[PDB]
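Chain residues, written in single-letter form:
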Amino acid sequence: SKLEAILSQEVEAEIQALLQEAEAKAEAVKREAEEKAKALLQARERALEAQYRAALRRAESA
Amino acid sequence: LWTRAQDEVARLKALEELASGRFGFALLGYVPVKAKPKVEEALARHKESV
Numbered sequence: 002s003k004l005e006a007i008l009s010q011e012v013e014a015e016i017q018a019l020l021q022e023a024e025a026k027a028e029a030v031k032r033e034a035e036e037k038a039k040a041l042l043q044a045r046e047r048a049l050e051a052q053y054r055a056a057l058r059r060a061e062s063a
Numbered sequence: 252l253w254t255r256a257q258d259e260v261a262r263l264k265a266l267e268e269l270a271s272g273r274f275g276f277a278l279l280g281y282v283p284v285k286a287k288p289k290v291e292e293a294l295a296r297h298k299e300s301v
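Note that the protein sequences, when read in sequence, are chains A and B. To convert, count from 1 in the first sequence and add 1; that's UniProt numbering. To convert, count from 1 in the second sequence and add 251; that's UniProt numbering.
Mixed in with the good hints there might be a few duds.
[To be verified] Restricting the straight-line Cα-Cα distance to at most 20 angstroms, the calculated cross-link-like pairs of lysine to any residue (SDA-like) are:
1. A:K3 x B:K285
2. A:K3 x B:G272
3. A:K3 x B:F276
4. B:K298 x A:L19
5. A:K3 x B:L294
6. B:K298 x A:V30
7. B:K298 x A:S9
8. B:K298 x A:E15
9. A:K3 x B:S300
10. B:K298 x A:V12
11. A:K3 x B:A286
12. A:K37 x B:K285
13. B:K285 x B:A295
14. A:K31 x B:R262
15. A:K31 x B:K285
16. A:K31 x B:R296
17. A:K31 x A:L19
18. B:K298 x A:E13
19. A:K31 x A:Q43
20. A:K3 x B:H297
21. B:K298 x A:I7
22. B:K298 x A:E5
23. A:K3 x B:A277
24. A:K31 x B:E292
25. B:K298 x A:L4
26. B:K298 x A:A6
27. B:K298 x A:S2
28. B:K298 x B:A277
29. A:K31 x B:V301
30. B:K298 x A:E11
31. A:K3 x B:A295
32. A:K3 x B:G275
33. A:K3 x B:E292
34. A:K3 x B:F274
35. A:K26 x B:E292
The set of hints was computed from the structure by calculation and includes no laboratory data.
One chain only, chain A, in its complex shape:
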């Protein structure tokens, strides 16, 4: 009862701190997912920029 509450709140605090660091692990997963997302979108930005920039170059020369 009393000792239930004491030891169970202890296990609560331990696994709550550890599972919020696991939430920080999930947040680093989301962080790197945003990193890959911005690398995807910005590399596609550079790709469309360079491709249609060279297309303007080619239409200019023609």
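Mind docking chain B on chain A? Use the hints.
Then chain B, alone, in the frame of chain A:
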């Protein structure tokens, strides 16, 4: 040093004779009626009188 070592070794050998309950522990003893007050005073000195 040998007195403190015998005290700690007796504590280890007595804790070997305990009963653990997976982050819990059981204890069973036999003490006379003439020392029930000091036993209750020692048991009050637990974490919350566990």
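Now the hints, each set against the structure:
no.: 1; hint: A:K3 x B:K285; in the structure: violated (29 angstroms)
no.: 2; hint: A:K3 x B:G272; in the structure: holds (16 angstroms)
no.: 3; hint: A:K3 x B:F276; in the structure: holds (15 angstroms)
no.: 4; hint: B:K298 x A:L19; in the structure: violated (25 angstroms)
no.: 5; hint: A:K3 x B:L294; in the structure: holds (15 angstroms)
no.: 6; hint: B:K298 x A:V30; in the structure: violated (41 angstroms)
no.: 7; hint: B:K298 x A:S9; in the structure: holds (14 angstroms)
no.: 8; hint: B:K298 x A:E15; in the structure: holds (18 angstroms)
no.: 9; hint: A:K3 x B:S300; in the structure: holds (10 angstroms)
no.: 10; hint: B:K298 x A:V12; in the structure: holds (16 angstroms)
no.: 11; hint: A:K3 x B:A286; in the structure: violated (26 angstroms)
no.: 12; hint: A:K37 x B:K285; in the structure: violated (75 angstroms)
no.: 13; hint: B:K285 x B:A295; in the structure: holds (18 angstroms)
no.: 14; hint: A:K31 x B:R262; in the structure: violated (51 angstroms)
no.: 15; hint: A:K31 x B:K285; in the structure: violated (67 angstroms)
no.: 16; hint: A:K31 x B:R296; in the structure: violated (49 angstroms)
no.: 17; hint: A:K31 x A:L19; in the structure: holds (18 angstroms)
no.: 18; hint: B:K298 x A:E13; in the structure: holds (18 angstroms)
no.: 19; hint: A:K31 x A:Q43; in the structure: holds (18 angstroms)
no.: 20; hint: A:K3 x B:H297; in the structure: holds (13 angstroms)
no.: 21; hint: B:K298 x A:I7; in the structure: holds (10 angstroms)
no.: 22; hint: B:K298 x A:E5; in the structure: holds (13 angstroms)
no.: 23; hint: A:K3 x B:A277; in the structure: holds (15 angstroms)
no.: 24; hint: A:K31 x B:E292; in the structure: violated (55 angstroms)
no.: 25; hint: B:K298 x A:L4; in the structure: holds (9 angstroms)
no.: 26; hint: B:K298 x A:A6; in the structure: holds (13 angstroms)
no.: 27; hint: B:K298 x A:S2; in the structure: holds (14 angstroms)
no.: 28; hint: B:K298 x B:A277; in the structure: holds (15 angstroms)
no.: 29; hint: A:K31 x B:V301; in the structure: violated (44 angstroms)
no.: 30; hint: B:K298 x A:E11; in the structure: holds (13 angstroms)
no.: 31; hint: A:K3 x B:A295; in the structure: holds (14 angstroms)
no.: 32; hint: A:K3 x B:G275; in the structure: holds (13 angstroms)
no.: 33; hint: A:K3 x B:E292; in the structure: holds (19 angstroms)
no.: 34; hint: A:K3 x B:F274; in the structure: holds (15 angstroms)
no.: 35; hint: A:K26 x B:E292; in the structure: violated (48 angstroms)
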